[PDB]
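J.: Okay, here's what each chain looks like letter by letter:
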Amino acid sequence: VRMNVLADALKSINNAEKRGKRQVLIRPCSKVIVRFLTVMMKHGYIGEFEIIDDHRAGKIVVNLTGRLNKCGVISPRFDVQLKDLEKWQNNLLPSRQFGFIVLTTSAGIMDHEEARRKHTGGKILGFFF
Amino acid sequence: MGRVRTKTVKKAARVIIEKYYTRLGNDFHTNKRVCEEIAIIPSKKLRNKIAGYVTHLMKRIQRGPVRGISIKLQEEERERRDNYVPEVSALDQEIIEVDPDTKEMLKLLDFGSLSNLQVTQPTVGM
Amino acid sequence: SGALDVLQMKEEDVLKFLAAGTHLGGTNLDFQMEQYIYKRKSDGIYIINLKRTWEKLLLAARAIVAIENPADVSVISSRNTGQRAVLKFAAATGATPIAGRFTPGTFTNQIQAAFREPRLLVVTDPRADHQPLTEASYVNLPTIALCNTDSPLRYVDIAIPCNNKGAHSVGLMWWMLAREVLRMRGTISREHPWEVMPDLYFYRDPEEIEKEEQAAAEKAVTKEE
Amino acid sequence: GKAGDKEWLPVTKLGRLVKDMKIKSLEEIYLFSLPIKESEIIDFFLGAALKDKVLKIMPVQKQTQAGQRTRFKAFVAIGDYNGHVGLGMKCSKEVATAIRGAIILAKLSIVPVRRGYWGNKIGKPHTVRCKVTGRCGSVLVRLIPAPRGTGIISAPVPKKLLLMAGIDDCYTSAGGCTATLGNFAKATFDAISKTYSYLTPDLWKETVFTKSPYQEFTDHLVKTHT
Amino acid sequence: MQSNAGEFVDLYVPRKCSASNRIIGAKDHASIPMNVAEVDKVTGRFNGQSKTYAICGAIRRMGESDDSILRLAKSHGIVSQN
Numbered sequence: 002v003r004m005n006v007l008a009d010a011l012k013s014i015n016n017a018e019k020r021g022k023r024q025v026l027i028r029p030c031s032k033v034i035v036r037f038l039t040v041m042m043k044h045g046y047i048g049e050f051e052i053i054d055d056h057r058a059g060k061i062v063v064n065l066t067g068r069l070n071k072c073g074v075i076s077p078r079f080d081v082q083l084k085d086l087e088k089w090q091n092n093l094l095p096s097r098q099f100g101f102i103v104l105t106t107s108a109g110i111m112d113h114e115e116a117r118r119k120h121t122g123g124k125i126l127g128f129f130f
Numbered sequence: 001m002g003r004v005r006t007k008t009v010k011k012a013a014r015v016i017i018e019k020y021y022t023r024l025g026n027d028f029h030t031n032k033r034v035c036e037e038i039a040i041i042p043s044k045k046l047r048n049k050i051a052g053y054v055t056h057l058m059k060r061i062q063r064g065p066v067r068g069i070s071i072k073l074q075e076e077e078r079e080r081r082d083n084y085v086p087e088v089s090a091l092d093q094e095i096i097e098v099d100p101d102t103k104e105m106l107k108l109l110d111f112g113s114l115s116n117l118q119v120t121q122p123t124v125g126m
Numbered sequence: 002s003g004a005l006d007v008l009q010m011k012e013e014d015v016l017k018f019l020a021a022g023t024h025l026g027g028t029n030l031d032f033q034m035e036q037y038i039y040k041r042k043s044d045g046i047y048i049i050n051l052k053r054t055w056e057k058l059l060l061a062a063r064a065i066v067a068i069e070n071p072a073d074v075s076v077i078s079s080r081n082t083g084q085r086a087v088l089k090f091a092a093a094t095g096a097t098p099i100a101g102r103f104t105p106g107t108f109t110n111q112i113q114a115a116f117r118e119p120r121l122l123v124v125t126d127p128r129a130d131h132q133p134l135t136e137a138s139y140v141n142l143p144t145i146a147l148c149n150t151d152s153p154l155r156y157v158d159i160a161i162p163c164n165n166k167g168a169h170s171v172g173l174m175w176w177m178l179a180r181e182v183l184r185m186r187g188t189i190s191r192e193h194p195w196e197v198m199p200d201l202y203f204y205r206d207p208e209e210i211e212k213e214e215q216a217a218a219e220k221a222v223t224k225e226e
Numbered sequence: 038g039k040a041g042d043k044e045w046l047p048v049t050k051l052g053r054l055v056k057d058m059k060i061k062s063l064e065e066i067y068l069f070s071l072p073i074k075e076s077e078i079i080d081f082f083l084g085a086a087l088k089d090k091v092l093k094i095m096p097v098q099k100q101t102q103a104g105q106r107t108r109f110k111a112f113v114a115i116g117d118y119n120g121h122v123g124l125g126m127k128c129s130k131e132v133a134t135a136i137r138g139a140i141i142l143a144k145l146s147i148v149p150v151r152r153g154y155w156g157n158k159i160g161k162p163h164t165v166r167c168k169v170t171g172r173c174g175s176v177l178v179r180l181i182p183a184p185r186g187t188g189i190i191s192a193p194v195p196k197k198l199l200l201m202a203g204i205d206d207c208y209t210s211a212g213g214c215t216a217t218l219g220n221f222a223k224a225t226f227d228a229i230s231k232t233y234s235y236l237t238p239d240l241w242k243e244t245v246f247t248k249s250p251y252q253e254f255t256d257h258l259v260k261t262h263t
Numbered sequence: 001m002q003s004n005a006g007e008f009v010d011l012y013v014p015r016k017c018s019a020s021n022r023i024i025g026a027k028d029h030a031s032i033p034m035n036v037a038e039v040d041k042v043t044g045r046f047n048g049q050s051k052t053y054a055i056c057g058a059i060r061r062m063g064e065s066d067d068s069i070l071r072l073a074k075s076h077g078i079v080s081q082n
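Residue numbers (PDB author numbering), protein chains in the order written: chain Y, 2 to 130; chain T, 1 to 126; chain C, 2 to 226; chain E, 38 to 263; chain X, 1 to 82.
By construction, these hints were calculated from the structure, which means they are not laboratory data.
Calculated cross-link-like contacts (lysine-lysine; reagent style BS3-like; alpha-carbon spacing at most 25 Å):
| # | chain 1 | residue 1 | chain 2 | residue 2 |
| --- | --- | --- | --- | --- |
| 1 | X | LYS51 | C | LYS52 |
| 2 | T | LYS59 | T | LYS49 |
| 3 | E | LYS56 | X | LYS27 |
| 4 | T | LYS107 | C | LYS40 |
| 5 | Y | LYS19 | E | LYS231 |
| 6 | X | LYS74 | Y | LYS22 |
| 7 | E | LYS161 | E | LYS197 |
| 8 | C | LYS40 | T | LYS103 |
| 9 | C | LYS52 | X | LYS41 |
| 10 | X | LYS16 | E | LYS242 |
| 11 | Y | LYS12 | E | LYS231 |
| 12 | E | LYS61 | X | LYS16 |
| 13 | X | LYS41 | E | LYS248 |
| 14 | E | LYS242 | X | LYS74 |
| 15 | E | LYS59 | X | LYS27 |
| 16 | C | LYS11 | X | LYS74 |
| 17 | T | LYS107 | C | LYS52 |
| 18 | X | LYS27 | E | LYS197 |
| 19 | Y | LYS60 | Y | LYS71 |
| 20 | Y | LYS124 | Y | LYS12 |
| 21 | X | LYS27 | E | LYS50 |
Assemble the whole structure, with the sequences as input and the hints as a guide.
T.: If you want it as structure tokens, here you go:
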């Protein structure tokens, strides 16, 4: 089956970081997972990552540090309209000061902090902190 | 019957042999009178007991070392066993050779002397 | 190693390692002892690498140097083989031996009169002295020990592999340990023969000692005759 | 008439360095994550700001062939209003002895708390840094940060501890059997511990690994001292 | 941690262990600093300035510390090719 790919992905890197690891193997490589981890890399929670290529769908390998505490998925994907936002981020984050809800908009995939400056609502995907 | 010695006897019996090892004989009466002079035991019947156990210990101390108390000459022979044993002065017999798969490690670590070869059969218990 | 060949293993010591059978190691393995092994024979026995033994010897010994008090690097061994060896170790180099049965609570009490607070430990065989290891993780002691292939690693920070099933492997290794700490701290350095040898760090052998002493007395009497 | 105390001769290494006054704060001790094994060390650094608040004095008793035998088990809180709190339990045959056993034990187990801000700064932290939890056998607490001047909004039991901690603003919620308050307070104390054990982006810069007091002050301890 | 002034607060800034990248609390008595002694590396004699490390109790108690202490010394010295 593997109904939702992204939802199975994050639990590995969540589990792996707890035990004390710094290399993982996540499959089967969706484009959606790439742009997620790109945003998550900029802020600094993970390091550079290598995309292995296969014809089947690829495999991805990540280098990570203890800075991450947990990245979760939120499924199914609800809408946000920039007044629903404040209610979401209260429940899902440890603090106002840091933590980053991610979402996708027509202006691309980004954190919530950026979307507020573009006046774009959209569909929420996950979170991390 | 019964009459198993208590701990009050066995505590002081060990002490009295450690610090007055020289004074001891192996006779009952001599070991009694020594305990009477090197200490006071406030009863008479108690004195007759502590002497008898001091005697019974001193029999065994003239064999191998007791594990409840120490004397000097045993710690001498302890030291004499624990500074050189007559078995070796050589390390270990100076030349010992090894079989292959150890030689392959040594090949890749710049060593190439003093070896033998035997390529012993397969396998575990077989 | 670090320095090019003034710390690296010599041709001499190789003979001593092989004569004491240190290279041999038991049938059963652990998943923390996989890297130290090179391979198996054609028979059940797994051959520890001696290069990998040598590197672990050094930073182990260098940590024993790094303390500014040599009276609180408490060594421990409770096996009979490891009694005579440790006694010479902590007599030669300033250290504190705890020989035989441990008598628990000696790193966590305020009432016991054998209470001590050291910094390091140097243990023979985790599976005879499991007691001090558990108590080390209640008062923040660094820990060093001698592991075998089948000895698991848990509450130890660094291992020093060895064959150590009761052999000349034991006493040889404790001698080498005391040799190195003196090359860095002491004035024994020159790295050309030390007066003290590994021929009295080896096991008592009490029945073998009495028989050798009797045979030496008989050989002395027959020499006098 | 006759005067002069003499109290507290250390039998502990860490205690001796304090008595000679070459360790200048508890904050050094906590940074090396050392045990504290004496109750006078803490009472040397502090002792004029520590209050106690005896929570409950609870009986328990077992059964034997001659009937009941009852021992009194009391919980006693402790804390100054600058960030250090502790908690202790003890039981004994009689009451006062058990209380005095707990006032000692609570000082021994004392820890610091980490305070933080709401969403903006104006100096002096008033609340909890992050949203944390703490569980003790089916009781849990969810300490949630709160803006200034809301007060501590909690049940009576954690309102003691958090107020002594200097955490003046908090939202909370409980889950499970809070009737058995021994769980409830230990679960609160569990939560209050996690504040310096929660990683935040502030702390991401790497530590310098400064040398230990055990190492530097070892020179005085080479006499006979242990 | 900074404020409006940039004034630093928090009673102690805790220390962060080498191979786990996490912070050890006030009570945590399985966490050890481990001092390796440097040498001059011309004569192989002790020379002063130490390399100091720190390890948390979690990696210690599972038996992963042995690899971490090895890797730390492998990225520096004394370890060449093990």
